[PDB]
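Coming up is one lone chain in structure tokens, specifically the form deposited in one PDB entry.
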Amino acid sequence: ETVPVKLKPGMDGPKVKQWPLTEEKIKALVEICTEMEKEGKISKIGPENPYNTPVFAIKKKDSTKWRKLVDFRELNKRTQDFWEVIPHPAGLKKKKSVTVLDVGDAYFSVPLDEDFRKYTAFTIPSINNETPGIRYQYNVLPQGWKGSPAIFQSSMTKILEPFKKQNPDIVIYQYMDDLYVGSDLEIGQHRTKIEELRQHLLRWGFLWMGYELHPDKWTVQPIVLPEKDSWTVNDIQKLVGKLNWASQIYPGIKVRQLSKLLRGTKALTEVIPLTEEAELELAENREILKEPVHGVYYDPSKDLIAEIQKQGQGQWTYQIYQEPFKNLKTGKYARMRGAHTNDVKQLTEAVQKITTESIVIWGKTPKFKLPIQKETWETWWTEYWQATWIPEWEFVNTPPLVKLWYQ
């Protein structure tokens, strides 16, 4: 049977243009859709259906099996809002380990309400516009649709009752196509319970992949002031600048003693010995920075904003917040990936990592502000994307001064 669904009142279906696809992606999508059509998952549609949602292809990693990904951002925003009868696992973020599981295939075993199907239309375009684009619409619950985990909930709730009752300490959370499973087990039983879980699912009617995370191992990032034996006028100028900035987050910060070191027009490279009034003030200020911020709270009706700064030689810093200067999370990615060759691949990898963390902690994705030209991002993100969801984003074109102060 089919639980009904409608759009938010005011609102017609999505009419989003399909963006140019490379030849490799088109062949992959043609092959995939051909077999999904055979299987009744999707059906060809006519011109009386004016809706459209973008679609592209992504090879999950270290592999050669393409996935088809539909960008339901617009439909999601546009489809009414599906309360049931979750708010959040405040302890998923606490659990030693967490394994992420692709359970999206389950969705294709529930039919979609015939009156809503038209809204899931998508086009596989042709190179150089030479033949008409192949049009299709979903007949079953589609992956990437927010209605999808919601409607299927009931069915997933009872599909997991056995495992959940026999393992009352394991935390299982579900976001879009993804099942998040967290436990303090030692990292080898943890795997047994997982590869159990899926055998317990793959009985129950590519879920073999795993992405292990360690929330207890994340990796926050306060502000730090340098510890030096000899300070030049420039070191002190940079220090006073950083402290002036931090005083916008922490009220007790004070500079005056450090500022009064730089009395006179001195050469930037001149060494300046610190007064005891200075070295006290610097000390009290270090203390204040070890305390956490004041009045910082999450307000689940508000959007999460994520900012990212390129710190060079492969490092990237970021902050998540809802209110300016009220950081809920800050971090750094002095990882490898991506370069030393490719800036954009690194940025794409960072966005995915931050999104994953945001899902685990608050159960929703943040709106990204990206240090890159819109034209450069749009032309390349899909070539490195590997997640089944897609967050929102906007572009930053003015270099932020606070760049250094977060590294």
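Here the rigid core means the biggest group of C-alpha atoms that line up within 1.5 Å when the two forms are laid on top of each other. Residue numbers count along the first chain shown, from 1. First, how it differs from the form deposited in another entry.
Just one of 332, 266, 146, 164 moves its Cα by 2 Å or more between the two forms on a rigid core overlay, and this residue is 266.
Superposed on the core, the two forms barely differ at residue 294: its CA moves less than 2 Å between the two forms. Annotation for residue 277: C-alpha shift of 2 angstroms or more between the two forms, rigid core superposed. With the core held fixed, the Cα of residue 255 is displaced between the two forms by 2 Å or more.
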Given for the second form:
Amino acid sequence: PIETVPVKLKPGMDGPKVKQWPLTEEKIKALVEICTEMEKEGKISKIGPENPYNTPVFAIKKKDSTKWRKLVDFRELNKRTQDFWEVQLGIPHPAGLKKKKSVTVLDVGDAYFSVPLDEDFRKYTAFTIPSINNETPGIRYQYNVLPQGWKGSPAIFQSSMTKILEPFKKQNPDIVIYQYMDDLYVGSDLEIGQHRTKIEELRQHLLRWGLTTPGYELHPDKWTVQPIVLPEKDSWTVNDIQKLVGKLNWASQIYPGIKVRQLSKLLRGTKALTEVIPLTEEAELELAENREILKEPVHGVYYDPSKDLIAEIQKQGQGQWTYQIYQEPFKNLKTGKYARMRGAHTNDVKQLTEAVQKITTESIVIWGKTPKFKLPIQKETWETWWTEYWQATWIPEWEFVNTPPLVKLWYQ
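Can I have the other form now, the form deposited in another entry, not the form deposited in one PDB entry?
There are no partners or other molecules in what follows, just the one chain.
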């Protein structure tokens, strides 16, 4: 018995029509069981083919969860409600969250089931549950409350949320709290012991307001950027200097001060690649000045909230992965490298999935946005396995790229 906030799609735009992809047995059983109890609790109710809209659905397990969690892929719906959660009922981002020594993520998605949903908007939350071997046609449902994973859900609940938090935001003034989708990010400069205690205080403070919490521990100050680095060799071959020149030439699109004239002079002849080339005075000095320019920051790189974040990832082999987050090309807001992730030295798709999750988590903390991913994988390969390794309650936008590493610029 609560007033339903009206929601309308973007002007001149139609609801999501996205087919349901095949699901494994363990995920269909989990979904039917999750959806049965969600129906007897009135959270959802069955519908029919008169509803032209549909959104894919599947299940996951969070890191060490052991309990299944329902997940709907509202990416297409979110792109069509973009007017709502950005212009109107958006949430300000705390630039100080990324400066806290510890940040904790809590799944508050179960609270969205409290508030009902606008009746005129329920037709767009439609999803279909498949059956193994098409024993049964698709069983369709609709959301009566705020759906888990919809971008409008945390904006509507924000008024209710900021009231539940207000007693704790006063009792602990300098602790930063941010809310993104089904997750609540909480960070403090307190010691680890004090930090985890104030989390449990926030858990009980949420319990008496009618919410459970089925925690992820981050450390944004610990995160380290990845810079472009030039090798150190006592003797240089033609191939060494050729590789170096191609790298410096490519890096010149970021740091314009890079010079190659004195290093290109060393190559002027037609020499064997393995021949050793002693460096001249001016070449060693041009190399020295280049190494210092690569220590500097890129001039004029800053975050624009109106622009989308882009994330490129390169597979470096032997378990290493590099990534750069940018808005305009070569104006990189952050660069980094991951190693020894789950599935290293055995599974490429798992590592790439784990990398996407880590990058998105960092983007949420720093800018409160999820970047669009350029994935170095074939579409069929990614679309087959990525759900098996997905452990997050959000799903970023992605596309697939094929860019051979002609020049190893982000890792030696």
